[PDB]
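The hints should help you fit chains I and H onto chain K, whose structure is shown.
These are the residues of each chain, in order.
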Amino acid sequence: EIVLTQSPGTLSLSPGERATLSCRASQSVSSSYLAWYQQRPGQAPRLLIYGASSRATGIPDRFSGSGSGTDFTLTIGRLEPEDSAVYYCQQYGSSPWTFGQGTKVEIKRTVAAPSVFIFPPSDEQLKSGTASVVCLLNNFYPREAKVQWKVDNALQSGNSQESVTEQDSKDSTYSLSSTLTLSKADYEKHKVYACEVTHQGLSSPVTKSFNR
Amino acid sequence: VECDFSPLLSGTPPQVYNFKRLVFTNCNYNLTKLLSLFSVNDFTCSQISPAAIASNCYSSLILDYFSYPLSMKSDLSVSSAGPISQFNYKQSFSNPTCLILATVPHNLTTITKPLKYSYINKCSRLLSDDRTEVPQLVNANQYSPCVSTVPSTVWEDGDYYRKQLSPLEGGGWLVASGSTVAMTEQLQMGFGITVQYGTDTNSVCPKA
Amino acid sequence: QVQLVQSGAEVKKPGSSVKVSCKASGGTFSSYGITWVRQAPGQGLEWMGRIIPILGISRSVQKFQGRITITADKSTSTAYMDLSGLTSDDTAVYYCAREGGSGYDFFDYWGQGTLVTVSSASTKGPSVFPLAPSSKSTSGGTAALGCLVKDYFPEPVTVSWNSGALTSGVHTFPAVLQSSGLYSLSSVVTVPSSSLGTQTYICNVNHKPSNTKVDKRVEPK
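Chains as they are written, first to last, in the deposited numbering: chain K, 1 to 212; chain I, 381 to 588; chain H, 1 to 221.
Do not rely on the hints blindly, as some may be mistaken.
Said to hold, decoys possible - In silico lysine to any residue, SDA-like type, Cα no more than 20 Å apart, as pairs: (1) H:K136 x K:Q125; (2) H:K216 x K:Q125; (3) H:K136 x K:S209; (4) H:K221 x K:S122; (5) H:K12 x H:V93; (6) H:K74 x H:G15; (7) I:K400 x I:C383; (8) K:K150 x H:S134; (9) H:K63 x H:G15; (10) H:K74 x H:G56; (11) K:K108 x K:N139; (12) H:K74 x I:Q516; (13) H:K74 x I:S508; (14) I:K543 x H:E99; (15) K:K208 x H:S135; (16) H:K63 x I:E536; (17) K:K170 x H:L166; (18) K:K191 x K:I118; (19) K:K127 x K:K184.
Derived from the structure by calculation, the hints contain no laboratory data.
Bound conformation, chain K alone:
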């Protein structure tokens, strides 16, 4: 049993910048008995470093491994956008083998003026249940995007629910899907529905239009 600290956590760094990840151990561990792992957005963790010095067979040697006794540091000499992942330092030194809290690397490249689209309800769940409208915000950086629903030119309450996907391995961009489920009957005089987006991207709030 060894509780262990990690790096600050979320890190914003431009591509081509060195990244340092720390792994202090509350209890002393062997100078070379710790292994740094990397898990991609939605997948199984892949071994990056074993023994705190050696590299896993087929791992590009940007991911240098060092540190001994108490503090172990993983240093990524160059950064590409295919490094955005969660890194865990596991001390297979003691027992039971304690995984690290984990650090998240976010590669800081672009601000991606977003693309806003509406997908207004159609006559398949307007023939059962509760319909739902949706607002897609495809290709945008970073995660600082807020969408508020506008109904018949009147602002809406907190009955939304926004879901944002993780950055793509090559694209390194963040797409969104704010949803407004409604009572299946309530589509009478509310002629128009829209989502208002505020972003680093694009001067204005980019509102939209349904009519139909």
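Okay, now just chains I and H, sitting in the frame of chain K:
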């Protein structure tokens, strides 16, 4: 020319699978002058009486010593089929054999304590072919060929040590495992004497 | 280099039993353990146990001891856990991973993972919802269309387009809890094939618990 049990009374006595040996081929022995220094607990002998091993002349007296708790005195004999008598330490059935299971007293000094008693639970070989497995059974004392993988003492409750033999010979992972047992307040040791007589000669003799 | 293929999201009830089966594609359990590794949803990995089919030996962490049995069938070469006596707090994704021995117990190759979901609420079917591509959109580059999956309870539902062909702009959003314990996720794809926006008539969805598969065709309205 007295027999030298002196090296027996120092250091950390080794675990069961790594038992050290003392062969005496010419000396005079007073065994009770040793067993007085311990608190004997189980004196069991086969092919010669437990009292008969005290006074009679042989050709060579072989003594093996190690740390073995009383909790599992059942495993150590020709009766058992467990891992102590099959992957750790097997003494020749051909010639006479005594087996003592003793205990260290407080008033004895410089018998230091190993942290725990560990033994080789399993020793197999996984063939260079598909998945065929052949256990490794230790012959007469043989040091249990899995001994190179396993360290002097096993660390945790159940461990897993494997090596790859260099290809030819024989591509087979000489896999081995180790298991430990809790420490006891007093070091509990096990000794094995394997006397064998001679053609028409006798050296080791009861120093009376 | 052995790929590890596991089983699929058991939904059990607080007070049940789950046999997660990790398969050793190759036919070959060599001198190689399987170590199991929890990960509570939105949390950080733990250790749960290790076995070696070559020797049959098993070991378990102290907390999970008396509730877990990790076995393997060396002959057919397939390893399983059986977390009997489990509570609602064990709802987590469980991985299986390859040992290396004594001083080299780092987890080399991993399994895809098998989300166990343990609470006596329900199992509900992926009611797929209208797509309805927007008319006046981009000038050809990205005509966005997506077939939505709402109203289902137990995750997972994988939704590939073109039954796993169109893999170049399939944006999938993580399911978010609705008013009921059910949650919903949305799948979208971008086509340059503007007029008629057609070949995407698969929108294949697979639900591991319900075992219900729905395929629909997209029409530009």
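A quick look at each hint next to the structure:
no., hint, verdict
1, H:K136 x K:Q125, "23 Å, violated"
2, H:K216 x K:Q125, "14 Å, holds"
3, H:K136 x K:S209, "11 Å, holds"
4, H:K221 x K:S122, "10 Å, holds"
5, H:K12 x H:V93, "14 Å, holds"
6, H:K74 x H:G15, "30 Å, violated"
7, I:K400 x I:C383, "16 Å, holds"
8, K:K150 x H:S134, "18 Å, holds"
9, H:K63 x H:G15, "17 Å, holds"
10, H:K74 x H:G56, "8 Å, holds"
11, K:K108 x K:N139, "15 Å, holds"
12, H:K74 x I:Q516, "19 Å, holds"
13, H:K74 x I:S508, "16 Å, holds"
14, I:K543 x H:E99, "14 Å, holds"
15, K:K208 x H:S135, "14 Å, holds"
16, H:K63 x I:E536, "17 Å, holds"
17, K:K170 x H:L166, "17 Å, holds"
18, K:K191 x K:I118, "14 Å, holds"
19, K:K127 x K:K184, "8 Å, holds"
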